[PDB]
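J.: Now for the letters of each chain:
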Amino acid sequence: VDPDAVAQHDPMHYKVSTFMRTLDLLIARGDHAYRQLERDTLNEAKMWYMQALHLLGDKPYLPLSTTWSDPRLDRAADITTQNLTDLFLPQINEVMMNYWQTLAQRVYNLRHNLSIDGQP
Amino acid sequence: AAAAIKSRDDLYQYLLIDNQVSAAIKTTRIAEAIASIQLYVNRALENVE
Amino acid sequence: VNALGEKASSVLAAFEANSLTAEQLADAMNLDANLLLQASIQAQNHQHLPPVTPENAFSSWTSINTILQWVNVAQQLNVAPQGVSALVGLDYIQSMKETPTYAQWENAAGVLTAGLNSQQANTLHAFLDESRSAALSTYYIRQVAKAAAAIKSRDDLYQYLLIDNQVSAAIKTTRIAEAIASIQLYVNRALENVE
Amino acid sequence: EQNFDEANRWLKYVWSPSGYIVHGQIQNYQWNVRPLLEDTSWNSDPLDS
Amino acid sequence: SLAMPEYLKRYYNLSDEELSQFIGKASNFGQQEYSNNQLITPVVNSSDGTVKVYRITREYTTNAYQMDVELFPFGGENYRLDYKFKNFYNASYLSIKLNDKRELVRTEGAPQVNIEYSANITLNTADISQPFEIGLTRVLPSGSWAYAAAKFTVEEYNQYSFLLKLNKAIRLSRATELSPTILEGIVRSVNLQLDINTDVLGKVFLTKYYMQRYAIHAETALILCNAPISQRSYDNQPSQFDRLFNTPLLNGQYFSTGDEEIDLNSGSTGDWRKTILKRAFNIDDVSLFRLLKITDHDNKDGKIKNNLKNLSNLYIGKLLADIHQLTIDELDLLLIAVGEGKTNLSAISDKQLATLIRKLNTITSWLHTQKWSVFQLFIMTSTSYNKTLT
Amino acid sequence: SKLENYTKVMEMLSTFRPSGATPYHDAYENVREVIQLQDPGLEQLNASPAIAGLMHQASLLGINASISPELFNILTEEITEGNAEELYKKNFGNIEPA
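Protein chains in written order, with PDB author numbering: chain E, 1835 to 1917, 1944 to 1980; chain H, 957 to 1005; chain F, 811 to 1005; chain P, 1786 to 1834; chain W, 275 to 664; chain S, 177 to 274.
Since the hints were derived computationally from the structure, they do not count as laboratory data. Please note that the accuracy of each hint is not assured.
[As the list claims (entries may be wrong)] Listed below are the simulated DSBU-like cross-link pairs for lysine-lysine, each with C-alpha atoms no more than 30 Å apart in a straight line:
#  : chain 1 : residue 1 : chain 2 : residue 2
1  : W       : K299      : E       : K1893
2  : F       : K817      : W       : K616
3  : S       : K178      : F       : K817
4  : W       : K567      : F       : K817
5  : S       : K266      : F       : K962
6  : F       : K907      : S       : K265
7  : F       : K962      : S       : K184
8  : F       : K817      : W       : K661
9  : W       : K661      : H       : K962
10 : S       : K178      : F       : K962
11 : F       : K962      : F       : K982
12 : F       : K982      : S       : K265
13 : E       : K1893     : W       : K439
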């Protein structure tokens, strides 16, 4: 229950923490340029967001329904107690998903001439 | 076809010109050319291309 | 007469003769003809004083007044006159005649409920659900609960069945979250060795 | 300071309704302080002070 | 290539939630019922999202006079099996097996004639690669049986007919900016096969007009387009029928279409079904009888059949007055004042109903401009005259 | 219970006098609540004297006081030594008076 010892045991995690701090820096730089509303600066805001956009890459597609079959709680208890991943699947990191949500919405405002709070 | 351009965002990255932009936004021609060259160089340096 | 407006000239002339009928007066008052016919039928069936008979139902002013009172009460309750006919049968506090059996009560309840709007129906349904919950909880404690559990009141039943029954209908929760709450309460009761 | 999670354990040292577990076994006693465990009912008279 | 959801989403430039509500239902883009003993269907099997079209070919192998049987996949090695008996045998239980071998489901008691029973069986790769039989067996208490069986060949098949229907669906949804669920709820009211064509495409324009003009919901507009009420529950939402006559349940009685006969006579003091109709329409008994008389002129008596079609006609008649903010009385006087009131709404053409809607709307707008009550118009247009000296 | 359908259950419950917050007559409660929504105080009933005269007035007023018909049967009957030994059986059943 300590995140740092578990990341120390598997330093592939530290790679994600650095990647995520690079995205945090790029988004903050884009927001700071976007705070100035003059024409030239909004093009700097756009190139900052596009820079973080290709780093993140293709948003993963996630098939809405799958093998999971609405089982009885009585059954899921035994399937899991054979001694949860035996029956429940791992979810995608909700924070990484959030980066794609905020980047797509921010570029949407840059394309539609709103401000950052979305007001025309 | 050597460029596997599959959608409008891919076309924006390729032609370096924003096509989904609304007509409200207006920019000078030279500034727009500067934006295209900067985007191309940024794509090259990170070896995305 | 003033309410009849422009039609009054013909209505009064037909009233002064023994001529007036349901259809002419319904056209005069802009009401449904079937409504007046059924109000007259219901008035004839029930014992008014003075009595109403088909040959005076529209000849005398008193019969017209009684029929119009039936129509006004029906339109106040927003139900057909058969609804009022079912209502006045619910003389349950007297010894003159047999008390209404449950089917009669359920029929009157349904006819009266049919007239409500969505907002008033929502409030009525919330009140009915609360009352039913109280009655069912008490009956379950008295008659279905196993005596090995010394369930004596509604709070004890809440601790036993792990489901909140005194809650008002305003609060809404998903089924799984409610099941989670029941299991957590049971475990908490067990760990403190209250059970 | 509204640090409820830490306040619960600190107060749980002196007394815990759930009980005490030691070396993997549940303990009979309910109160962790010996003079509270041993004094099980009030004196015939209090101190006037 | 175009089978992959990612490629297709890039190709149509769709959003993720827009694609999810197309392909999450994708089975509807197949054939909806067996034809020539074939069913051709998309299947998700979507460990990678990809769509694969299977041809299932039925072959009756034993005692086909006992039953009809039908099979409808929905996932990888996951199937719905439907079957419907022709003859009655008093089974002690119904036993169903892969061939006569692996028992996939068993049902206790006697399967009845003309009931379509169903089972969420499984058939695995080493099964469905065969022309496997499915052997069903009503076992009687004697241990006698009405065994019957059919083989079911499973073939992988070309995606052409799937992709052309998906193409029609995407382009239609995008052009009319209507949700795919709404369009699916419109197409089923024309054809039991999901087949966009001139007929279904004729009334999407009508429903877009009515939803704009009257600002009503999609289902109400479909009712205005002479479409029966939909029993199916879309979208994890209660169905139109359920929301109309079942919630909230009245005295613990569940209302459904039946062969019993319901009386609309106001003085009859009908059973709970009449109360359900009154509560659903928010009208009293007298106006209910008036609405029945407006809708159909061939109903000599108030009793009507409890099938879904009559309920749809009554709802059409009620909505004609609701959308124009008039009640049943002014609706009747208006239909008489127009002169089209003689024609019955129950047996009417779609174009005639649209013309009737336009006439009612035009006359109501004119009356509003003229500050005239409906009763004044009826008086000016009345033909019957009171025969009383004044 | 042996009860099989909802309305049969509410008929049983309408007369289950031995329990501490029954008898609960559901149709009567529905009627009372609808009236107290549609015409608070029966102003329109009392304004129409012909309809008022059809009722027994105690049968209109009783709808205000929320006395159900079985609760009226409980409140009415005459308690005396010589039937308390069995009216206790009717009204409480099996709970010891101690």
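J.: The structure should be examined with respect to each hint, and the outcome stated for every one.
T.: Okay, the hints, checked on the actual structure:
no.: 1; hint: W:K299 with E:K1893; in the structure: holds, 23 Å
no.: 2; hint: F:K817 with W:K616; in the structure: holds, 27 Å
no.: 3; hint: S:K178 with F:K817; in the structure: violated, 63 Å
no.: 4; hint: W:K567 with F:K817; in the structure: holds, 27 Å
no.: 5; hint: S:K266 with F:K962; in the structure: holds, 20 Å
no.: 6; hint: F:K907 with S:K265; in the structure: holds, 29 Å
no.: 7; hint: F:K962 with S:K184; in the structure: holds, 26 Å
no.: 8; hint: F:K817 with W:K661; in the structure: holds, 13 Å
no.: 9; hint: W:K661 with H:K962; in the structure: violated, 83 Å
no.: 10; hint: S:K178 with F:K962; in the structure: holds, 24 Å
no.: 11; hint: F:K962 with F:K982; in the structure: holds, 28 Å
no.: 12; hint: F:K982 with S:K265; in the structure: violated, 41 Å
no.: 13; hint: E:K1893 with W:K439; in the structure: holds, 27 Å
In summary, the structure is inconsistent with hints 3, 9, 12 from the numbered list given earlier, while agreeing with the others.
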